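Q: Spelled out, the chains give:
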Amino acid sequence: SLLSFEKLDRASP
Amino acid sequence: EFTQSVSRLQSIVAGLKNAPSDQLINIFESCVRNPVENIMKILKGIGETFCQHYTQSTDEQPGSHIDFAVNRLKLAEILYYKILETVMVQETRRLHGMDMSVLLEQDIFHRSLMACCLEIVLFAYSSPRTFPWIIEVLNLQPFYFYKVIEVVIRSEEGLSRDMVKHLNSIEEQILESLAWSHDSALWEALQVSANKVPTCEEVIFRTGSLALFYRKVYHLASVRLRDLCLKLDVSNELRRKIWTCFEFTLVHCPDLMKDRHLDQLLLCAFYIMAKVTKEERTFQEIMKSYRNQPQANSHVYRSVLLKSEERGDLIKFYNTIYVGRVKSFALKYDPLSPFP
Numbered sequence: 001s002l003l004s005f006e007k008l009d010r011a012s013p
Numbered sequence: 389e390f391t392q393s394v395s396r397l398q399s400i401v402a403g404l405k406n407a408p409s410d411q412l413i414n415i416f417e418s419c420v421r422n423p424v425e426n427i428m429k430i431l432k433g434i435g436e437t438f439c440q441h442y443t444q445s446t447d448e449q450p451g452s453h454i455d456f457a458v459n460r461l462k463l464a465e466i467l468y469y470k471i472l473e474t475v476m477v478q479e480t481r482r483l484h485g486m487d488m489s490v491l492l493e494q495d496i497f498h499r500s501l502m503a504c505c506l507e508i509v510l511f512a513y514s515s516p517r518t519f520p521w522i523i524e525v526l527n528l529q530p531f532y533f534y535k536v537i538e539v540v541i542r543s544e545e546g547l548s549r550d551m552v553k554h555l556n557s558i559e560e561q562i563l564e565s566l567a568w569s570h571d572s573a574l575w576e577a578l579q580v581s582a583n584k585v586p587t588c589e590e591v592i593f784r785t786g787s788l789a790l791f792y793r794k795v796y797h798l799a800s801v802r803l804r805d806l807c808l809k810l811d812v813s814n815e816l817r818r819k820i821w822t823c824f825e826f827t828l829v830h831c832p833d834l835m836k837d838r839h840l841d842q843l844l845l846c847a848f849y850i851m852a853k854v855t856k857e858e859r860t861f862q863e864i865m866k867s868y869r870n871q872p873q874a875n876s877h878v879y880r881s882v883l884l885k886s925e926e927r928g929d930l931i932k933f934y935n936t937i938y939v940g941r942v943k944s945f946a947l948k949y950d959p960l961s962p963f964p
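Those protein sequence lines, which keep their order, are chains E and A. Residue numbers are given in PDB author numbering: position 9 of the first sequence equals residue 9, and the series is strictly consecutive. In terms of PDB author numbering, the second sequence is residues 389 to 593, 784 to 886, 925 to 950, 959 to 964.
So that you can see chain E by itself, here it is in the shape it has in the complex:
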């Protein structure tokens, strides 16, 4: 509840 923090895969290569 609720926020799903995450790291965007570093990209685009």
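Any given hint might turn out to be false.
Said to hold, decoys possible - Subject to a maximum C-alpha distance of 25 Å in a straight line, what follows is the list of computed DMTMM-like cross-link-like pairs (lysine to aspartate or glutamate):
#: 1; chain 1: A; residue 1: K809; chain 2: E; residue 2: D9
#: 2; chain 1: A; residue 1: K932; chain 2: A; residue 2: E858
#: 3; chain 1: A; residue 1: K885; chain 2: E; residue 2: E6
These aren't lab readings, by the way, just hints derived from the structure by calculation.
Position chain A relative to chain E; hints supplied.
A: The following block gives chain A in isolation, referenced to the frame of chain E:
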């Protein structure tokens, strides 16, 4: 030895001229208020502004020679007078022999038709001046402009499938982002409507500028939901549940769209109605599956307006701005809007 698009453009304007034809002139002169001189003022105005921007360099776009500018312009004018005639001839008032003065005196229609002709020409030549360069230069509201595109497509059948595909894609650009900018006349239209955002059922069954716009938007977003629901097959029961949260943010949180992209809200919707439902928590896995869409670009999920005042990515936009707005609607799913 010409490219297909340039050859096709040759066949279209062949034998025509950058002046109105005799049939068009007759139609102008049958009007109680004859538009012809005002129409010439507009083309001369657009023509001068176009050449000025065409021939003057910026950081993004180098300026080009005036000779090419006039060539492109002359070609667009020829298209304008051909397409305008076709439009006026096929008009209902024309067939019923009624005065068309009101139809022919709308500046925004003539400006938009001429810009769209310029855009057809530039595209045919694979111009570096990429949409929306043309409407920016001519000071045309995207919210007003996009309406001409359907008219052009139906009024000129000599357009190649590629020309038609391109015109449809610049319409999608306007619907997904360009018409939602803070300076857009959309917010003016919403305002006079007492900030009542038309729901899906309402425009899919009004019929003002607002309704026609949102009809297009709701149609576009549904197509971009369906394909993405063919990624994880989900179910046609849940594809409705997700379409509901997206409609909620459009109607009851219209500010979230300002200076943003339609897909940013559609994707943010997706993840949330997944997580609160039986079919659950499909991750950014669908983002790679979002890449399969024609309009998908990195900047969409990489670069998202937060407040402006820097600019973050989709997941930061989501947890900062989105949940705060959408949580209490979405949490309740621990009605459903009809899917087109």
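Q: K932(A) and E858(A): Cα distance at most 25 Å?
A: 21 Å, holds
Q: Holds or violated: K885(A) and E6(E), Cα atoms, limit 25 Å.
A: With Cα atoms ~20 Å apart, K885(A) and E6(E) stay inside 25 Å; holds.
Q: Take a quick look at whether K809(A) and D9(E) sit within 25 Å of each other, Cα to Cα.
A: With a Cα-Cα distance of about 20 Å, the restraint between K809(A) and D9(E) holds, given a limit of 25 Å.
Figure legend: structure checked against the earlier numbered hints; every hint is met.
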